[PDB]
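Novice: Each chain, written out:
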Amino acid sequence: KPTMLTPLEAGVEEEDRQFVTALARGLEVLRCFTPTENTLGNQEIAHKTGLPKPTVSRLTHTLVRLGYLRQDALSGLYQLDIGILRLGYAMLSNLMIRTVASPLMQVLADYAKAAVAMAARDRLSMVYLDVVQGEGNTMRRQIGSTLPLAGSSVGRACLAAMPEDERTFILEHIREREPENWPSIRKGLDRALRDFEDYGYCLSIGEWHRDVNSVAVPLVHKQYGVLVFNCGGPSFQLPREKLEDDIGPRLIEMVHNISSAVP
Amino acid sequence: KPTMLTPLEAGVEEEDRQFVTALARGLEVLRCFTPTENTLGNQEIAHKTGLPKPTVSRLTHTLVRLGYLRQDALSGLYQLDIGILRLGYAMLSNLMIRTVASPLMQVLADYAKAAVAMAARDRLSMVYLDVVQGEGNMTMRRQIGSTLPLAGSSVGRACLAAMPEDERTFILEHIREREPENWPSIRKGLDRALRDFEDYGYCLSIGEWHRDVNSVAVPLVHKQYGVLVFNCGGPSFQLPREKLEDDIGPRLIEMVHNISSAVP
Ligand SMILES: [Ca+2]
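As you go down the protein sequences, you meet chains A and B in turn.
Convert by adding 11 to the 1-based position in the first sequence; the result is the number in the working numbering.
Convert by adding 37 to the 1-based position in the second sequence; the result is the number in the working numbering.
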């Protein structure tokens with residue numbers, strides 16, 4: 012029922028004879044590419060996915076023939092191709108909520124002189140779906156970029172608005188992946204959960220990036236799932252007291268307005 | 038070796054043991070969703086793809102469990118979901134060639150008071166990789182990853198003109214089947230553009246994509262990205278044919294040459 016966190020891993024999941032393993036694997040290959048690791052061969056993809064290299068070889072050959080990868084003639088290495096951009100825009104275009112939310116986000120971004128964004132979860136990350144900047148505006152586009160769940164304000168609000176058992180399951184995953192730092196990670200999360208219960212937002216005061224503060228408010232939506240709106244920026248421009256006393260309350264009111272306008 | 042236009046055709050995996058048919062079929066399902074077709078059920082997807090309904094059912098079930106589709110609990114209909122963006126949307130919106138092209142595109146857009154874009158082909162469409170609007174330009178921006186049809190747009194024509202002889206004919210033979218009724222009307226407009234490219238180095242679309250939009254495009258052959266195409270276009274009353282042929286087109290050719298010399 013919940014979205015798979017680790018689709019290449021067999022676990023306690025009872026068998027699923029409908030599941031199309033080759034489709035899962037080929038899409039996982041595309042997910043190996045990152046801004047720093049943007050050119051990859053079959054060996055690195057096999058090490059990243061844990062798949063046999065001959066299996067990877069069939070998938071990258073197929074992805075090239077379909078236009079989702081391209082292969083450099085000299086090196087043999089692969090890179091993402093622009094079919095992926097077309098798919099992403101088709102996805103973004105079903106977010107009708109943006110026509111109501113974006114003007115309201117720009118008003119808040121202009122007041123706070125900071126970025127306001129809308130995000131949703133995929134696996135253990137939050138993904139930016141729409142970003143507006145204060146009229147004090149860079150070249151890098153941020154739609155589709157990702158933030159970790161536990162330390163960002165958007166991930167904390169997403170976890171806060173989650174059912175208790177589902178949060179526990181995702182948190183198990185994070186805990187078993189970072190055993191050394193988990194007590195510290197969890198304390199930061201516990202504090203954000205108290206803020207959600209007490210005030211209806213979550214903060215990240217330098218806990219995603221040390222120089223950055225942000226506040227976030229979730230919106231549970233029947234079609235889209237849990238959407239999260241945040242406002243954040245340099246901690247010098249947005250000290251904790253400003254987020255608690257001013258921006259956080261404005262963000263709450265903004266989300267109620269969006270929520271009341273969206274069927 | 039040319040990118041497949043019809044990957045679900047007969048006998049691919051037979052000629053090519055490396056071809057993973059189930060992966061092709063799932064991506065063909067995801068391609069059914071477009072900016073204007075946002076919600077589809079299994080039967081619409083079977084009709085669009087030609088695949089049997091039980092086959093589509095396995096593919097969509099898989100895509101939902103993975104987070105690439107979502108399913109409405111009451112209606113059973115599907116939509117693309119957030120996991121699609123993790124396949125690489127942000128990285129492709131941030132190609133490093135933008136750091137060379139974008140400021141040059143801004144200068145042209147400011148001068149022309151019109152939008153300047155960078156595009157590349159995917160199957161029978163041109164996909165926008167970057168778009169810059171002139172300072173004080175109040176035309177609605179086309180979005181990153183939006184598409185234009187190949188045959189009637191300036192960007193598609195320039196792409197076809199920069200192609201190898203044979204690849205162009207293969208694509209065009211393919212376009213003659215999708216649209217037999219108006220093909221001689223598509224052929225004539227394309228032959229004009231190919232002639233313009235041979236003679237002058239650009240391609241025009243004077244209202245041949247949308248009636249009140251005119252645009253000029255210039256291709257660039259790049260060793261890594263393939264054929265990139267740059268265009269400059271806008272309201273036809275602002276950009277008459279004469280302005281595009283005498284002023285914008287030549288400036289766009291010089292811009293592409295500058296881009297070409299700065300990214301080796
Ligand atoms: Ca509502």
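Accuracy of the hints is not assured; some may be wrong.
Covered stretches of chain B, going by a simulated chain A footprint (3 or more residues, C-beta under 8 angstroms) [said to hold, decoys possible]:
hint : segment
1    : 40-52
2    : 92-98
3    : 176-186
4    : 247-259
Calculated directly from the structure, the hints in this document are not laboratory data.
Cβ atoms here follow ideal geometry from the backbone N, Cα and C, with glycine treated the same way.
Novice: Confirm or reject each hint.
Specialist: Hints, verified against the model:
Proximity of the segment 40-52 of chain B to chain A, defined as three or more residues with a beta carbon under 8 angstroms from a beta carbon of that chain, is established by the 3 residues found. For the segment 92-98 of chain B, the stated coverage by chain A holds: 4 residues have a C-beta nearer than 8 angstroms to a C-beta of that chain, and at least 3 were required. Counting residues of the segment 176-186 of chain B whose CB lies closer than 8 angstroms to any CB of chain A gives 5, which reaches the minimum of 3, so the coverage claim holds. By the rule of at least three residues with a Cβ nearer than 8 angstroms to a Cβ of chain A, the coverage given for the segment 247-259 of chain B is violated, with 0 such residues.
Taken one by one, the earlier hints fail for this structure only at number 4.
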